[PDB]
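S.K.: Listed below are the residues making up each chain.
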Amino acid sequence: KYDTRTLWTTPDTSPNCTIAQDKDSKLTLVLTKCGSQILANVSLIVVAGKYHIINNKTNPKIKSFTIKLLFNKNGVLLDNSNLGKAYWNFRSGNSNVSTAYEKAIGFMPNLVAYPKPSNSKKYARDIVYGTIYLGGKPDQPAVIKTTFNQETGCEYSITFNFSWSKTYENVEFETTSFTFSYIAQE
Amino acid sequence: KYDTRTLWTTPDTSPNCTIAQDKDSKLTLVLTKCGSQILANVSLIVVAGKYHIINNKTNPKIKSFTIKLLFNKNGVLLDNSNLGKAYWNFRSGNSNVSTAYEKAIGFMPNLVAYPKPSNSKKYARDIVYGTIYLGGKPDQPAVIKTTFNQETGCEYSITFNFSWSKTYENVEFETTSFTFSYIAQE
Amino acid sequence: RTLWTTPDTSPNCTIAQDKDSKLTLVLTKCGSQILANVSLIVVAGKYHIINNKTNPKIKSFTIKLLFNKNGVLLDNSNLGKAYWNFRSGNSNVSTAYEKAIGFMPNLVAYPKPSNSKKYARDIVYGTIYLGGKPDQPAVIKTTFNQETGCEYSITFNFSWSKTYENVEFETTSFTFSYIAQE
Ligand SMILES: CC(=O)N[C@H]1[C@H]([C@H](O)[C@H](O)CO)O[C@@](OCCn2cc(CN(Cc3cn(CCO[C@]4(C(=O)O)C[C@H](O)[C@@H](NC(C)=O)[C@H]([C@H](O)[C@H](O)CO)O4)nn3)Cc3cn(CCO[C@]4(C(=O)O)C[C@H](O)[C@@H](NC(C)=O)[C@H]([C@H](O)[C@H](O)CO)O4)nn3)nn2)(C(=O)O)C[C@@H]1O
Ligand SMILES: [Cl-]
Ligand SMILES: [Mg+2]
Ligand SMILES: [Mg+2]
Ligand SMILES: [Mg+2]
Ligand SMILES: [Zn+2]
Ligand SMILES: [Zn+2]
Ligand SMILES: [Zn+2]
Ligand SMILES: [Zn+2]
Ligand SMILES: [Zn+2]
Ligand SMILES: [Zn+2]
Ligand SMILES: [Zn+2]
Numbered sequence: 180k181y182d183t184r185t186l187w188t189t190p191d192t193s194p195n196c197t198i199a200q201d202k203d204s205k206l207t208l209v210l211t212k213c214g215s216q217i218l219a220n221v222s223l224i225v226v227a228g229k230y231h232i233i234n235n236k237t238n239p240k241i242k243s244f245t246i247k248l249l250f251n252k253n254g255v256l257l258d259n260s261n262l263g264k265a266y267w268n269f270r271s272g273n274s275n276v277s278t279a280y281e282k283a284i285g286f287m288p289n290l291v292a293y294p295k296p297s298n299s300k301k302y303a304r305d306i307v308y309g310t311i312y313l314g315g316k317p318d319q320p321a322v323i324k325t326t327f328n329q330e331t332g333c334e335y336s337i338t339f340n341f342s343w344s345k346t347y348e349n350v351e352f353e354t355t356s357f358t359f360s361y362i363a364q365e
Numbered sequence: 180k181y182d183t184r185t186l187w188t189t190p191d192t193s194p195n196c197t198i199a200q201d202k203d204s205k206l207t208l209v210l211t212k213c214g215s216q217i218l219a220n221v222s223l224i225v226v227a228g229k230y231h232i233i234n235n236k237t238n239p240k241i242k243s244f245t246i247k248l249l250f251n252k253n254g255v256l257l258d259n260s261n262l263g264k265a266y267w268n269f270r271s272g273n274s275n276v277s278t279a280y281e282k283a284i285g286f287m288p289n290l291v292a293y294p295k296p297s298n299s300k301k302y303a304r305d306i307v308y309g310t311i312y313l314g315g316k317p318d319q320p321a322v323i324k325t326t327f328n329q330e331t332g333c334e335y336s337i338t339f340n341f342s343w344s345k346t347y348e349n350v351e352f353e354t355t356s357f358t359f360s361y362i363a364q365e
Numbered sequence: 184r185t186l187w188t189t190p191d192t193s194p195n196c197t198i199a200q201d202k203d204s205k206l207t208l209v210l211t212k213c214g215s216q217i218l219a220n221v222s223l224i225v226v227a228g229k230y231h232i233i234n235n236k237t238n239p240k241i242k243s244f245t246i247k248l249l250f251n252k253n254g255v256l257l258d259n260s261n262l263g264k265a266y267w268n269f270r271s272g273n274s275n276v277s278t279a280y281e282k283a284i285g286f287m288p289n290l291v292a293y294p295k296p297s298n299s300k301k302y303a304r305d306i307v308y309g310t311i312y313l314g315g316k317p318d319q320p321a322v323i324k325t326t327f328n329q330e331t332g333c334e335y336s337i338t339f340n341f342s343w344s345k346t347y348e349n350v351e352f353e354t355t356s357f358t359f360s361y362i363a364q365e
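Chains as they are written, first to last, in the UniProt record's numbering: chain A, 180 to 365; chain B, 180 to 365; chain C, 184 to 365.
It cannot be assumed that every hint is accurate.
Stated by the list, open to error - Within a straight-line C-alpha distance of at most 20 Å, the following computed EDC-like cross-link-like pairs (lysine to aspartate or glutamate) qualify:
hint	chain 1	residue 1	chain 2	residue 2
1	C	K212	A	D182
2	C	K212	B	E365
3	A	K345	B	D318
4	C	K300	A	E351
5	B	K301	C	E334
6	A	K295	B	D191
7	A	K264	A	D191
8	C	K282	C	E334
Claimed, not checked - Computed Cβ-Cβ distance ranges for the label pairs, DEER-style:
hint	chain 1	residue 1	chain 2	residue 2	range
9	A	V291	B	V322	23 to 29 Å
10	A	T331	C	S243	43 to 49 Å
11	A	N253	C	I284	31 to 37 Å
12	A	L290	C	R184	27 to 33 Å
Just so you know, these hints were derived from the structure itself, not from any lab. Yeah, the Cβ is synthetic: ideal placement off N, Cα and C, and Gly gets one too.
Based on the sequences and whatever the hints tell you, model everything.
M.R.: Structure follows, in C-alpha cells:
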C-alpha cells in the first residue's frame, strides 16, 4: 500500500545528494507524520569528492558543509536543493510510490513556528542541534545543526549544517543516525 | 483540524508564561499522542523581566529557573502552573479549539513509570535531560531538565528546569528546540 | 501499536546475574518509524553500585535483545520473555505475541554483518545521567541488527569514563527512533 504518512529518500545507500559534486553522497532522511509533529530520522554517507575523506592535516580549514532541502508552496522539493528529486517521495515498502507527489504541505515546517526570511532577526526555536559520530566512533563527533525555513527563494526549507572541531586525519564522512522532530504546517 | 491527538500552546509568539513577572515568556510546547508515548517538542522565549537578558557579572548566582505545568486527575492544567490556562488546549489549525478541554488523561505522564512523590524510592527515569542553545549560538549552551510527576498539589506534572554553567554577559534567553518522549498514562 | 516491558520496577533483565535489573523499554509504532523510550534500573549485583576506586576496570556493559524472523524475542536475550509483550493497560496482553515484524529494525537500513562496507547509520548514541545528577553522565550506544544467530537485534551498550565512587546505576530516560522493517 501507499504509505501517505511517510516522505523519505528510501533506506538504500545509492547516492541521492550533491554537496560538492554530482551524487557525492547519500542523505538518508525519513519524515514520518504523527499529526502536528513530523518525527525525523537523518544520517549521511559521503561516497566521493571533497567531503568523502576528511583530512584536516592537509586541509585544516575544511570544517563544515551544508545540505539544503528547499520546498515550494505545495511542499514539493525545488530543483536547486542538494537532495535530488528522483528518490524523494512518499513511501511504498522499501521504495517510493510511482507518481511524483504534488502536495506535502502536512510535512512542511510550520511557518508560524519557523517564519521564512526575514530582514528580521528571528527566534532560535527554528534550530535543532544534535551530535552524530563519524564511523560510529565515540571520539569522532560532528555537530548536525538543523534549521527550518531560513532559506530565501522558497516557501519552506530544511537545512543541515555539518561541522566539527577536531583535526580529523583521513576520516571517512559517514555518520550515525539522529532523531528530531518539528511542528508541521498543517 | 480539531486535532484530538495534539495538546499545545500554539506555535505563535504571544507571551503565555510567567517565570518572574506576568507573561514574561513564551513557552512553545507541543504534545503529540503517538499511542502510549507522547512526542514532545519544546522551546522557550523570555521576552521581558529578570530572565530576558542574562548578565552573570551583575547577577553571579542567577543560573537557573523553573517552569511548571501541574494537572488535576482529568489532565486539566491548574492555575498555579507557570503556563497560563488560556493558552493550553487541543489544536485547531494554528490555533486552539475555542472551548477549554475537560479531559486529557491520554496526555498525562504514566504514574507507574513516574510515580508522584511518596515515601518510596525515587527513580531517575522520571527525568529527561537535553541541551539547548541560547540565540542559536553553539557556544551558548543551557541545560533543559524535564521531570515527570514530581510536584505536589496535583495529580500529574511536567516541570522544565533551565540552567547553565557559563558566566553569560548580556545574553538573550531565547532557545533552540528540543524533542523528547514519555510514557502516557492511558 | 506498543511493544513494551511494562512500566513497573520489577526486575526483568539479566546483566551479570539473574534479574539484576529493570530495563524499561517502550517501542511505539508510528508507521515507517519506531519511537523508542529507554531507561535502566540496576537493582543488584556487579553493576548496582559503581565504585571505580575499588574496581577501576568496571566501565561498561551490554544488554542485547535478539529476535527471530517473526519479531519474537529469543531467550538468550538479556531481557526475559515473560515481561516483553504488546501493551494492555499498564500490563501486557494475556498471551505471548506471535508476530511483530513491523517493530523490527529495517534490514536495508541496518544490514546484518557482511563482507561489504559497514556503515555507521545503524548506531544511535545518547547520554543519560546516573541518579538524575547532571555531573554523572554515561553513554548509551544503541546498535541495530549487528548480533549473529538472530534475524534482528537491538543492543544497548552502557559505558562511562568518569571515576564514579558509590554511584547507583539507575538512569534518566532516552528517546530515539529507527526505521521499521515493514
Ligand atoms: C545535564 C548536562 O548537560 N550535564 C553536563 C554537566 C553539567 O553541565 C554541569 O555538571 C553542571 O550541572 O557538565 C559535564 O561537564 C563538566 C564540564 N566539563 C569538563 C570538560 C572537559 N572538557 C573541557 C572542554 C570544554 N570545552 C568548551 C567548548 O565546548 C562547547 C562550548 O562552546 O561551550 C560545548 C557546546 O555544547 C558545543 N556546541 C555544540 C552545538 O555542540 C560547542 C561547539 O562545539 C564549539 O563552540 C564550536 O562551535 O563547544 N571544550 N573542552 C570537555 C571535554 C571532555 N572531553 C572528553 C573527550 O570528549 C568526547 C570525545 O570527543 O571523545 C566527546 C564525545 O561526544 C564523547 N562521545 C560520546 C559518544 O558521548 C566522548 C566519549 O565520552 C569518550 O571519548 C569515550 O569514548 O568524549 N574532552 N573534552 N568539559 N566540560 C559534567 O559534569 O560531566 C558534562 C555533562 O554532560
Ligand atoms: Cl491566562
Ligand atoms: Mg497535519
Ligand atoms: Mg555531584
Ligand atoms: Mg509498518
Ligand atoms: Zn567512502
Ligand atoms: Zn523542476
Ligand atoms: Zn580514535
Ligand atoms: Zn529579542
Ligand atoms: Zn530585549
Ligand atoms: Zn561567541
Ligand atoms: Zn539500588
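S.K.: For this structure, which hints from the list above don't hold up?
M.R.: Of the numbered hints, just 5 does not hold.
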